[PDB]
Structures are given as C-alpha cells and as structure tokens.
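Q: One letter stands for each residue in the lines below.
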Amino acid sequence: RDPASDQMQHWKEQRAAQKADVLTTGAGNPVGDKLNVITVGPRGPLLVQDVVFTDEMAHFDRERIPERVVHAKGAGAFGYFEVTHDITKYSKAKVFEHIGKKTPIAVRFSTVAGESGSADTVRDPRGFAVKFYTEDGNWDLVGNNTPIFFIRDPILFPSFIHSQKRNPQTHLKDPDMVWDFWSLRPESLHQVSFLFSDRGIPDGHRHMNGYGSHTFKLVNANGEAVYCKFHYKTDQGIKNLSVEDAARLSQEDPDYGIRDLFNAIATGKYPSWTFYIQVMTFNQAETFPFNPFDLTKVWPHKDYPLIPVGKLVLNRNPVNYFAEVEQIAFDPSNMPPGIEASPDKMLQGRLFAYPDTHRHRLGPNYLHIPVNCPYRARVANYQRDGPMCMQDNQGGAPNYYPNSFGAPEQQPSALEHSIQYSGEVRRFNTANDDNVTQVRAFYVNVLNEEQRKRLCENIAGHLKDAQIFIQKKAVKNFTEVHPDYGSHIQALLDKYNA
Amino acid sequence: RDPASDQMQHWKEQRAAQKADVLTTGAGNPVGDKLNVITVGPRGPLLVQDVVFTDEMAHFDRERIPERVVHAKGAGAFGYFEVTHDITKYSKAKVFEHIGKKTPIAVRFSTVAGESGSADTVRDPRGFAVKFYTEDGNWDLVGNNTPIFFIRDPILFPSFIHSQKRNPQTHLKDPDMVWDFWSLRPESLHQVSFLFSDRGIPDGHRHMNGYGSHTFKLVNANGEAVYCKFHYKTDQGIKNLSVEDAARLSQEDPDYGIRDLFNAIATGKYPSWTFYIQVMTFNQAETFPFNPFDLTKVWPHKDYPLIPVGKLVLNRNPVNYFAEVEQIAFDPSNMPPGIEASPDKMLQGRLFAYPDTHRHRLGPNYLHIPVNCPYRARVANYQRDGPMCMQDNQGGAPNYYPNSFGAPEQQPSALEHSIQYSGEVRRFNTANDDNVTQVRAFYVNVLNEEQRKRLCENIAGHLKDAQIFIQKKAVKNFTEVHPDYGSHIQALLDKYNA
Amino acid sequence: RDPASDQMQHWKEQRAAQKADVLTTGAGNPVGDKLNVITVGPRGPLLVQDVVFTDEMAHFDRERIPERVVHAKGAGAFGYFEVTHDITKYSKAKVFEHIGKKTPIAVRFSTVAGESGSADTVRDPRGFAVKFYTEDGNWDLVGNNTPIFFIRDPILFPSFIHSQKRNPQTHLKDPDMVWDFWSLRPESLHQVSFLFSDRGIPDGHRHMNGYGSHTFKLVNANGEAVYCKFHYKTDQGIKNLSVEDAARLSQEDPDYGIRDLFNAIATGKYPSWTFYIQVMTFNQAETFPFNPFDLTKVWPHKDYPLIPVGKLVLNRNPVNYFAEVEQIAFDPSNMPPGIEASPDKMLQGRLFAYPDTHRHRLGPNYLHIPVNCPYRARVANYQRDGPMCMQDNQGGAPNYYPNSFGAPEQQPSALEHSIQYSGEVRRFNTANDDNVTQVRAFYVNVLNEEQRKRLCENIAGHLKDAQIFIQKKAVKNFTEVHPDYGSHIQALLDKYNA
Amino acid sequence: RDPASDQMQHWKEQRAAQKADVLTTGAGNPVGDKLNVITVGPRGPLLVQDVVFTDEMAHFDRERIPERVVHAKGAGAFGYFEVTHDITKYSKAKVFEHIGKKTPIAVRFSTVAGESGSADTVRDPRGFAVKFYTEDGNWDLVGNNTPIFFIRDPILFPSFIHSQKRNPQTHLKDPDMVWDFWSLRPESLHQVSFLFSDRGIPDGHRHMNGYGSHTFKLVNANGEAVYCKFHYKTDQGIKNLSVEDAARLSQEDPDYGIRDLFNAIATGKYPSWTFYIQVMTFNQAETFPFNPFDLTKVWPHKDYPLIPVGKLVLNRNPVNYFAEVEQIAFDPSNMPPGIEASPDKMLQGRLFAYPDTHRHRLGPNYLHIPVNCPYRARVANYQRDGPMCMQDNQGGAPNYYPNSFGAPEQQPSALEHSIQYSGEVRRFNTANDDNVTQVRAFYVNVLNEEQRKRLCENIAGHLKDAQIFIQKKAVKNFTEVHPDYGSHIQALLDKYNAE
Ligand code: HEM
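Those sequence lines, one after another, are chains A, C, B and D.
Heads up: the first sequence runs through residues 5 to 502, numbered per the authors' numbering.
Heads up: the second sequence runs through residues 5 to 502, numbered per the authors' numbering.
Heads up: the third sequence runs through residues 5 to 502, numbered per the authors' numbering.
Heads up: the fourth sequence runs through residues 5 to 503, numbered per the authors' numbering.
Please keep in mind that the hints were generated in silico from the structure rather than gathered at the bench.
Be aware that one or more of the hints could be misleading.
As the list claims (entries may be wrong) - Selected chain C positions facing chain D (Cβ under 8 Å, derived; list incomplete):
(1) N40
(2) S167
(3) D184
(4) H372
(5) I373
(6) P374
(7) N403
(8) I423
(9) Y425
(10) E428
Stated by the list, open to error - Below, computed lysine to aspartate or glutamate pairings styled on EDC-like, alpha-carbon distance capped at 20 Å:
(11) B:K16 - C:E101
(12) C:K477 - C:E454
(13) C:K237 - C:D469
(14) B:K221 - B:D144
(15) B:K177 - D:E86
(16) D:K23 - A:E413
(17) D:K16 - B:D469
(18) D:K16 - A:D396
(19) D:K468 - B:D10
(20) A:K16 - C:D469
(21) D:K177 - B:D10
(22) C:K98 - C:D144
(23) A:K221 - A:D264
(24) C:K477 - C:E453
(25) D:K96 - A:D37
Where a beta carbon is used, it is the ideal one built from N, C-alpha and C, also for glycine.
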C-alpha cells in the first residue's frame, strides 16, 4: 500500500521493541481502567468521582479551534531554502548573505474558499505560504499560484470573500453574488481569466508555480532601495487536471493534494522550486505605464527579466498535522532587515489583518508555538504576561524602556528606508484604472486556440446560473476586453439558457 | 429557478419601495466611502486614521467560531409540535398537558464525521436534534436516525470519533483505525449493519426516521415512574439513495440535504413526523432478557408496541444560518419536570459533555442567545456576571440564596424521583454482554435477500482497504453473528484483495 | 443609614406585593431543591445527575472577565448632555445641532494604576470617560482630570505603565522603576507637578475637573476645519484631600468615591460639569511657539479663551455594576461627522489600542452590549457572524459591497477632511522638545508658597525610596525647571536619607 | 535596603559583564527604533507600516487574564517536602514511599475575598495550596489556615461568596448580605468564631498553620482503606496582628505578606511546616458521634492523635510572578494512587469546580504550562489537539483506545477502592445537624477570657452595620451556642446602635 495508509503500522515498527507506555491523565496520574466508568452497581448512575472520564471528555470537547477565515483547507511540509546566486547588491538580508547558505523553511498550500472538509481538486486559486527561519527572525512570504489578484483595494477583500462563500441564509454557494461582484468590479477580469484557464485546477501542489503577488522593497547596506517581485517556479513542470478528472477525484478522493504530497515526500521524490526576482528601480517605477504597485498588473519579463536567487526544496512531512499545519501562522509583517513593504495598499491591509486573526484564532502568544517560534533567533523585548505564556516570561528582567539596568537595547542599523511621498491625505479612487490591456494580451498571445475555447466554455458553464442582467454586464466587460471573447461567452450562455 | 437561488432577489422585492439604508460602522458612525482607503497621495502607504477599514477587517478576522467537534455539517428548520393523544398517566410535562397543545420547536439535522465543508450524501449516521420551547424551559431531544449506537460506555466515545475522523499525521481518513476499533469492540456490529444497509444514505432529511436512542424516565403527578423510548417516524416515507447516485450528488451538490429541505419548506411541502413512545415498567425492566438501559439494544415492538403522542412539523427556514443554526445548542440535561434521565451510562456522559463544549465554543452565556433562550419561560436564578452578559444581569436583586429579601425561591413540586440502587461503587465491565442475537434477528428476518447482498457488498468494499488481520477479526465477528454473513464478507474480501 | 446600605431593603420594598419568582436553571427548568445535592444515601458520593449543581458551579467558575489593563478600578453613572450655546460655525455634529438639545451620556471615573480591589483615595491621575449616544452613533470622549500627560509618543505608553505597576518578580510597587523612567524622560515633569500638587488626590469624582487632553479637529458644513481642545469643569468646586485624610480613608473606605457618587445621585444632589472648548486656527497652529499637537503642552487661556458649549449632568446610578460599568467600552475612534482626529501621535495610538483590548476582554461583538449599543442610531453594515452574535445578524441581506440588491449604501456627505502633509515618512525624535517653560510658569505663577512647599514635600517623600543616582537625575531635571525647586527637593531628600 | 527593592539592581549585577541584548519584535525581527513612531513628517499622522508599534500595543492590550473567582490576591514560593516517618501501612503513594525522600513542591498563599489589588492584612480566612511533583503525577493539597469551613453543602458555596463579595449594584461590601447568610445558616458559627479570633489576621503567611479541611481516603498495597485528615503546622510559631496594626499595615503596605515571605526566603530564613495526619478507621467512622465527613466538624486530638509524616520547607522565590504564581492551578482531583476522595460532599464539588475554572481562565491545555506540568512523570494519553497545544501533540501515535499498534495501555494496579453505599439516591438535608457543641467547646475551653472578650468585640464591631432583625437572629444563634456569648454580643450591639 501507499506509505500514508501504512503510517500507524510504521509507527508500530518503530516501537516494536519498546514496551507500551502507562496510560495517564492530563496531570500524569495513572489510570486504573479506561474502558469503563464508575457507577452505583451494574445498572446505576454515573458519579463525579470518575475524574479521568471528566478530564478526557472535557479535553475532547475542546479539540476544535476556529478555522481560518480563508484558506482553511491545506497541506503542510518542511524543508530548506538554498541560495544559488548573489543578490547582495539589492538586499542585505541574512538569507541572501552568501551563496550556499541553507535556511529552514515551513511551507503550507491551501485553497481559498474551501472549508475544512472541502475538496482539493476544485477550480480555485491556490495559496502558497512560506516561512523562513532566519537569524534575524521569521520571514513570511505569503503568495498564491497567481501573480495577481481580483481586487487592488484592501477594504473590498471581505466582501469579495463573502461573495465567494456561502449565502448567509441558505448556506449555499450563490453564483449570483460572485458574478455580481465581478461585473461591478471589472478589475478582476484579469484574474478571472487566470482562474478559468487550465491553471485553475492544478494536478497537485507539486505541479504549480508560486508567485509573490505584491511588490516589495529591497534595501542594501548602502541604503539604496529597489522594488522587487518574488517568483518561485516548480521544477517538476506544470500539470493540470481536466474538469471531468477533477470532479472524479473530488467524489473519490477530496484529499488528493495531501496524499500526493505526503507520498511524494515519503518516497524520496522531493518537490523543488526555483526562486526568481524581478527588480524595478524608482525611475522605472515613475516611468512605468501603469501603477507598479497595482496588484492587478504584472511586470513583463522582456522589460524586467527574471533574476535567479536560490531554490526551495521540501523534504519532511508533518509529524502532527494540527500542531505543525493547523496552528502555523504566516504574518507578512515579519520582514527582516533588507526587506520592506511597498505603498501597495493590499499589502498594507494584510500587514494588519493577518496578526489580528492569528491572535484571535490561535491566541495572543501564538508566536511562541514551536512551529511559529523563531528558534534560530533570540527574542528579547519588553512584552510581558499574556494568556498561556510559556517559557519564563523573560524572568525578572526590567519591563520598561528606556531603563538604566542593562536591559535590551535597540539596534540603529535596522532602521527603515525613508521616502518622500507627495499628495494630500484622502481616499483616492482606483476603480477606473486600466483593466483590459494586459487581459487582452493574455487572451491573444499567451493562450492558444484550444485554451481560449476551454476558457470560454468554463466561464459560460459557471456563469449560466447567474441572472440575466449579471450575464449582460459580464459579457459587456469581456467584450471590452476583446470582441470575440464576449461573443463566444454570449453564444454559450444563450445555448445554456435555451 | 429554485427559491434558494432567488433568495437575494426576493429580498430585493421586499425592499423595492424602501430606500437603501445608510452604511455605518459598528458604533453607528456613517461611512463616507467604503470602496477606497486613506493614503498619502495616490501611491502612498496606508494610515491608521482609516478607522472604518480597521473595524471591518477586525470583524472579518473574527467571523469564525470553533466548529462542533461532531455533527459539524448540518441544516436547520423551525416549526411546531402538536399533541394528538393523551399520555398524562405516564408524564406530567407541560408539553403533554392536553390534546391540541402546540409547542414551538427548532430542529437541526447533521452528519457525524463530516466537517463543515463535508458532503451530505455519504454513508454516515444522521443526527436529529429537536428543541421544544415549553413553559417549563427548553427540552432538548437529541437523537439520531438510528435507535442504537456503536458503543454503550461513554468513556470510549472520543476514541471512536478519533477512529472515524482523520489520521493525526496524514490528515486522511484511515479505514484501518475504524475497522480496528470495530473489531476490538464487537458491540458495534448491530449499528454497523444499520450503517451499511440502505438506510445509511437517506435521500434527504425528509425521508428518514428519527429515534431517541436512550431510554428516559417519565414521572406522573402521583410520583409513579416508567421508562420510555422516544421515536419519530417520517410521514413522507423512507427513501434511500444508491451508492452511485450518492457519489454523483456528492461531486455535484454537496449541499443536497440543505437545498432539498429549504426548497421543500419554501414551496409549502412541509415535512412531518409522527411521534411515538414505547413504555416499560420497572418489573418489565427487571425481567427484560437484556439490560434495558443498553444503548446497543432495542425494545421489540411486539412486546412493547408503539404508543402515539403527537406530531412534528417544520414550516420555517432560518433567516440567518449562523445565528439560528450554527449557534444553536442542544443540551440533553434540559429536561423539564415529568422527564428524567435513566441509569444508561451514555446518557449520563452526554449530560456533562454537551454543556461543556457549548460553553467552550459559543461562550459561558450561550443560553441567552435568542435561538437558545427560553423566551416562553421566566429565567430567575442567582447566576450573575459572565462574559458578554446581555439583558440587565437580573438588575440589583440579591445574589445569594437563602436570603430574606424576597428573591426567587425553589419549587418543591419539581423534585426528582428517588430510586434505591444496589451494588458497590466501582467500574463494571460491559464488553462481554450479548452482541449477536439482535444482529442475527435483523440480518435474518428484517432484511430480504437483496438488502443482505447489498449490505455484504458495501461492508466488503469499505473493509478491503484495511489490513489482513483486521479483516480476519471482523469476519470472525460476522461469523459469530451468522455463518453466511461472514462467508459472503470473506469471499468479497478475497475478490478485492486478489 | 445611607441609601447604598439600604439598597436590598429598597428592592424588598419595591417587590413587597409581588410574590417571589420560581427558581430556575439557565435553561428555565424549575429547581426542586437548591440547598442540597444528590448523593447515594446520607453519606454517599456526588452524582452527575445533579445538573442544576453543575450548571450553577460552571457559571460561577466563569463570572470573571479580564480586567482593564489600565483604569481597572472605577465608578459609573448615567445622565444627559445639554447644549447651552451655538458652535455650529465650528462643527456640524448632531450633538451641537441646536440649543437645548439633550443627548444621553454614560460616564465612568477611574484610577490609572489601581487594580480591581485598589483604593480610590490615592495619589494617581483620574480618568474621566464619557459616551454620548448621538443619532450619528456613539461619541467617546476619553480624557482625564489633567489636560496633559506624562509622555507624547504612544510607543512608550506600555513601558510607562509597566513602570507605574508592580515589579514582574516581587509583584510589589517599585519606586525605582517609576523615577528611573521619569528621570530618563523629563517631558513628564509637567504632569509630575500636576500629579504631586493638591489635585493629585481629589475629594471624590464630583469635585474634580475633566479635560480632553488631546487636540481634535472640528469641521463645519462648508468644510472649514479648526483644531480644538475640550474641557469640562465641575460646578461643585474643586476640593482636595490631605495626605493624612487620604490614608485614613484608604484604610477605612477604599470605595470612598463610589459611595460618595452613589449617595449623591440617590439623594438628588446631581453633580454637574460645564463644557468648554478652546479653538485654534491652522494659521495659529503654524505660528504657535510649541507643537500644538504635543500632549505635554497646553493652550494658554489668554491667547485661547474658553468658549462655553453645554453642560453635563449625571442623574442615574447603575442598576447592575458589571453590566453597565465593568463591560462598558470607550473607543476614541467613535467620532461622528464634524469631529475628526488630529496629527497628535498619542491619539493615533489610542485609536488602534482601545478597540483591540475591548475585543480581547469583552469579545469581538462588544459593541452590541446594551450599554455600548448605539440604540439611537441604525447600524447597517456588511459585518456578519462573530462569536455570540445576538440580534438577527442582519438577516439574509446581501453581505458583499458593492451589490445590485438594494443593500446599504455609503453616504458621501460623511467624508473626512483632506490636508496636505509635508516631510518624509520616517521616525522623528521628539524627546528634545521644550519641557521646562510651562512647568516653570506653573511652579512660579499658578502655585502659591504653601502649594509649592507641599509639592516639594510630597515629591521628596515619594522619591526618597529610589536609588541615589535616580535622585540626582530627578533633582537635575527639577533644577533645570527651576533652581529653588531642585534645591528644596535635594534638601528634603538629604533629610530623608540621613 | 531590603532585597526586594534591590531586585533590579541585583539583576544588573548578574549581567554586569554581559552586553545588552538586541531588541526584537515577537517574531525576532530587530527594532531600529522604539522611542518614536512613523509619521508623515514631524507633525503628521501615524502609519500602519509601524509594525513594531502595533505588535507591542496588541500584546500590551492582552496582558490581563481573568482573575481567580476566589483567592485572587496571593503570594507564591517553591521548595521541597521531606519524609521523616513511615506511613506505608496507611498509604502506598510514592511521596510516602520511604524515609528521606524529597519531593519538589510549589506553594501559594492567598486571601479569599480580596481582589487582585486587595490588602493582605485583613480579617479573612487564608488559603494554603500545595502542589507536589511526584513520579505518579501532581498531587494538589488545597487547604486553608482553618480545619473547617462555613458550609457543608457545595451548592451553597457560590451564594456564600456572593455574600462575602461586593453588592451587585453599588459594588460595595455589604455586611447585611454576610450576616443574613450566616444567620440563615448557623452551621457557619464554628468557622465564624475561628474567623473572629486572633487567628483571623495572621502576622504573615509564615506564622500561621495550614490544614487539609476535608477528610480523604488512604489505601495501602493490600487494599485496606482508612480515612485521614491532613495538617501542617508552622515551625516558626503562631503570631497574630492586632486590629490597629492590621489597619496601619493595610494603609501603609497592602503587600505585607508578599514582602515578608520574599525577604525571608532571600535572607535564608526559610519557613518550615511539620506535616501530620489523623487516621480514622471505618468502624470509628461508623461509631463517630457526628458525621466524620462533615467539613464543619473536627476530629479531637485525644481520640485521634496527630501522627507525624514529614516536613515542608520553602527555599525559592518566583522568578516571574505571573508565570509561576498567577498561572499556577491546583486541582484537588489530582490525587495519585494511594490517596482517594471521601464521600464528603464539598470535596466532590471541588473536584469538578476547580478544573473547569482553570480551563476557563488559563486555557484548555493549562496543565502543560511549566509550573503545572508534571515534569517528573511521563504523560501519555489519547488526548489530542486543543488551543495552544505545545510540545509535539504526542506525534503521530494512535489516537483511539483500544488499539492494536502498541499505544499506551492502562495499569490495573491503579484501580480505585470499592465501597458499598446504602440508601436511596435523592437529596438529603444536612442543615439540621449539630452546630453548637464543638463551638461551645471552643468558646469555653480553648479560648481564655481575653480571647473571648476580643472575639465578642470584633463580632459586635462587624455586626453593628447590619439591620436589626439580622442582629437578633445572629444573637439567637450565639445564645444557642452559649448564653454569655450572646449576651455580650447583644450588649456591645446595643452600645454601638445607641451611638
Ligand atoms: C487585503 C488583502 C487580503 C487580506 C485582508 C487577507 C486576509 C487573510 C486572512 C485573514 C487570512 C487567514 C490566515 C490565518 O487565519 O491563519 C489569510 C490567509 C492567506 N492569504 Fe490572504 N488576504 C488578502 C489577500 C491575499 C493575497 C493578495 C494573497 C497572495 C497573493 C493571499 C494569500 C493568502 C494565503 C496563502 C493564506 C494562507 C495562510 C496560511 O496558510 O496560514 N491573501 N489571508
């Protein structure tokens, strides 16, 4: 059989010589009997003296934590990131310090809208989160399998999720909400194409690329700053599943990705990704035709060729899923020196959003969990107390800064880059920006005839369920993108409606 | 289209005349703009002054509560319970006070092992929970579609769930755990048959019966007590789905039951159940061949004919799923006067288990939620404070009992029945009780040839994935139940393994 | 006796005619007996069937919520705010709409460092929080009895609290931490004087003034904006307690303020405050000698005379302290239209800090608690779900914005004021600003000889416990403020040390 | 100065050679500057990019956990328990395995009604909780400075606390509630005397005795069982504070006990307690004049002499109060083999009450906190997951029992003692039991004239604030206890009321 199905058996093989441990309660008290409870005779009521039963039932009653609001379904793995090229001119981060340096990494793949028990082989963008354990703390690169996103303004992200999730009343998926939101927000059209192409349903997590959608900032030792885009492309090749195969796998094996990744890692076929960066100077950003910080746009390779950096490899499956995968947290705000945020609005929203939900669902001290703990760095600060504070709470050291008792001191070298920003402080509308030129390029050049036909068919099949005026608005947007695109969509919708 | 898909449209039709409300924050402050955020110019960073954005994102980050440890996937409805016959001789409860009395009820159907996003059309026992709003408080009748259960000892319930759920490491369903637990616990064999028969996959919640598996105690005005079993049988008839149809629906519509129930209630086809009780006297309990409090056994109809009581009808869909279905809590300990627990161990375990998990996942004051609040009874007690205590916290009334300031007083008439229990206080083993006679009767008499063949085929198909020795133990147990049963299972397993 | 001690008796007088209510559980089930538990005979063990006992004990176990990190000890009252003058030229807020308008208000007084059981009559700044229930939501004016504060940078606020609170190891008040922090941060000197003057220990909450320390922004209908400072001065007159009297009251009655306020309101002697505002134009802000947004500085009355607005009156004691005082939350971010924040850094920090701690200690939906609920405004938004979500969760309305189904729409008239800000984005040091001129003015002109002598004596008495070098640094700072001040402090410290 | 006030200085002396550590965020990222925030120019608004500020403020906003519903104010210490005598005939517990065995212990003293910032030198019973780290898990002996308690029925405990705590409306201490509850429940009279005697205000935690109020059950290797009462008496001697001195200390130093204990341990003057047990056989329990499981009664020394066992010593102050004292949890249900509960109702109530509140205020996995973790025992079970589950969550081991994959197995030797209990299952009233004979003995024999006079004066001073009929009922109960007692109380109350 496959290794996963033999997991317990392998465990039994590891402890074949060792004797079974003595059963205990939470406090370590041995248990005389766990197959039966205390009663007043053979057919009497239960008693409170059965402390072991109460402890077991109470802990069983509290095994569930709140699921992630998005990306609930997921798989996890661990490995290393290896540097193969020198980019010290662009950044001063310790991860890129020198060639050959190896940094431990924790990786989690996920699906956006699927809940905890949702199937994996469905049409949905795939989230790809990486956590590097560097000497200067944790670095969280939380991207997707797509270099762009539906929207460019953070405040609309919740509503978008509410559109992609179940109806508040019927608790059913409502295509009307999805297509109404997309039609009212044509900026998503680009991503929509990427969603309904062949890449929408990858054949496992090992056969899909990963992109850092946002543009970040890289600062070198001399203080020079350049904007950057992160990419990581799979070395196993791109492979996609047909719609029929995806439905068959969903009915048969909803956990196709988890099983595939686990068996691949166990058998030694370690997946790998090659890491690239695109670099943009401030002058290029000023002269860029579009807004370089727009999450809906991409940097063309011809103007901004990929620059290799290193390689990602995964070589360890989780020992316990809940401890190492369910409780793992990726905060994009964890950026070490040499890497800083950009004026991209979506990134700014994520910076606040992620730690807040992590504190809510995992706890205020979630960072001290072993999977999220920067075990390669020394954490010394003036944060004290907190629920479930493990360790020694930094002992009896002074808890106020500044102080005259040799407490931790700030490091001036880790300051942030300073930039002059013009314009008045207010709300600027970005819905009228260009939303069709790159989509037109993708439709015309990147895709061949067969891919275009499949794209149109899939979009029509999903959109037939929506109401008429929503279909008309979506077709209008597609026609603005390209006439033949909208005409094909309209013909397919007419066929479905008839 | 179906009503559910038109839900929002119907909402728009209700407020066609009414003007749209003004958008506000949580505190009621009007929002100038929600499509954009505050930045330092067109391409500047985000500011903390955007309080509306922080509020929206913080609330979005906290939309998820812990799912139910079991019965996570579910559907909800509301209606009334109507009395059609007089059983005042058996019980004094206000619900059975007189003929024609109507009591509001809230009903929730669920599947045991399926998580939040799990499909409905799968082979799994169906949970059926009812909450009656009586003048003497809430009555929670929390049964299943089966009158029995796999085990008879509460302390084994968590492990059983751990066997029916994902592997701790791979996060995959492991048939090895399930069949190892069942083989080591042959008492489940009875339920296993009920699980693998045609009833294992009902065609929606409206075409399955509901049973109160435990035996309870009914006390009349004169203090006489009799044990009872609750039943509620569907008036729409029993209908089951084939395995192929179930898989097709799971791949197509994981929410088949929710959609079916919602559309049926919306269109006016209100489902109905007829309510019955079996009655046992204490002398009959003493002379019963088996233990009458064993959850694995049933009371034969011939010796204990069904006695009609009333009828259940559902005629209202939830307005909001999360408020009325996700946050609803059924505590079996909520038993009004005239209904009391039995010495059945499993019921005693549930009595403590349910309120504990409810306090954990919903909050200490979960009972004050409108769906769970006994709005037909006046709650006056000496419980004070608590997180998120709504209402007035009973004002400035005295908070200590006894007192000399006209505070609430106990009602002696609501005392419990007193019974003399013999035997010493210790742990009594119940694994050696009879586990094959009723299973043999069910296999031989109740089931016809086709049902027996389908049962054997389904059991073999599920059990082929397990290891060899587990198969041998399960086949041994089936042979103990009946020779032909085990022989057919063994032949099918040999075919699958070959 | 005083009314408070007769509270229960008065309750008994209100329900003299009414019969005592029937005791019930949380679910409304009547309780047969609450004075005794269920046991196996007179001297047997306890049973799980005693559901009432488990419910009562479980709720008793969960009566405590996390106390406020600061301002834990407090008193509460309710009343109205009445407008007496027209300031529509400065602001467009509904509270100042027209003369004679009355707005419900909830008021809470507190002491900063005192914990829940801490005494009230101690030397500590007094927090004064007001919550106006306006048609445009809640307005939270959260000031103190002092118009300034120790620090001007938000990031130092936690450490300051850690200095004013117990040692991490010994759990004792450490004057070394307090005076080390103050000496290292001479900007606090101003506030320190205000702390050690006669006002440091007010004779109850009714004999102290209240100030809105931060400068806010007022916007009129025409879009013109002006900075403002809020004041509310007591009509009962300023009255202070001697140190000996304060210690005597602390040993006798730690709840002196609560009792005083409760009895005053019950007897009809309603306390009152007169509301004033200072107004600054943008030109004046540019030409102001200091930074007008510095929390350590004040606006002189001669240059910026007080302008009366209205009056505050309290006329209702809490019915339940925990529901109406412990669970009340004041978020400064709740600012209706016409009132906006300033570039003061401390205010910006508070804007994020307060709702976060409120969500932590009260819950994500704390705003829906009746005391904090804007019952005079209609809350319509796209926030859904959440733990312990009461009401109907906005029903089945659309949960995504924008939408085409008549959902709530934004109000453009409630937009924020736009201002051009110059300078580069970085961290600017503010520790070198002026810290002695206003302190010198306060020491020389405002205070008479007796007040100066008492100030020096109190400061020396508190500072004698600190180490020598801390005393030298503090004396150096005082000498920088004024020579005689430091000389008197040094002489007193020499006397104490000798 | 005293060591406590020099604490930080001593810390500075320990790291005099070591260089200051680099300041970091929660994730370990170095902080460029912590004295200032990011703004749009010198006088601009705050930005979200200041992640360090948001992290610090968010953690500061979440430094407070729910305080204990009772015994909020407290002090903590650590040390060892040493066996000096052999009682293996009575119990088989590993702590009493052999003479000279030393077991780590964590001790917490507390005051019942005082909140977190409440003063220590007040008239209130003192809670004394001990946690032994034995090879067979944790043993929690959670007693008080008194061998008895006000009530004997668990269901009345919350109301009693509600009487001893602030009014729901005024948030003030109400003597009316306290004395109404005590008068309606005369069974508390015994404890009331113990509360209003000189022992009501001990001169620190080092000068008071500690008692295990409940009667427990001790089982030996051969299965024989005997009931027991635990005692631990201070070796420093009993010392009490006068009312005037107590008020003076409360106004001056509310943390008198904490400071005293910390300085005593730091200076080397380690406090000590001698451990004793009273033993009762089942026949003696049957023939006992009262109910031996009544928490309101005591076992006379003459009939049941004290039997020494060992000694308790404290020799380590907490490194961090919050981690080691605020988050410490004592569950009486943590009883290793050889020690079992009795049919005492109050103990049965505590067994369920304590872990529930601990799960509420500390978290479902509070037992894995280092102070509460049985680091001297191996915890292997089928409990999985849970919020903030540290360690490895027992790895990928099987999570269902029984199983055929070499998972942890039960130990039959750790079974509980079996006893036949007679009588029908119902609610039995215990309010009519004897409530005056032992109180009369305590008033007449144990106390001298001066102690009796001070007791009467203190009771009258507290009770004068109550309403008239409450005073009459309390005086009636005292007269039932003894005539002169009630007469003195009535005369003092008349004097106070006439004022
Ligand atoms: C303003 C825009 C966004 C917001 C507010 C947001 C919010 C969130 C939240 C609240 C979570 C829950 C994480 C947890 O509970 O552990 C999450 C997870 C995640 N998000 Fe986003 N999201 C946004 C856009 C994006 C973008 C643009 C990407 C990638 C290009 C992305 C990729 C992910 C991934 C991969 C996860 C998985 C986290 C994990 O596995 O622990 N999201 N996001």
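Q: Can you give the numbers of the hints that this structure goes against, from lowest to highest?
A: 1, 4, 5, 6, 11, 12, 13, 15, 23 and 24
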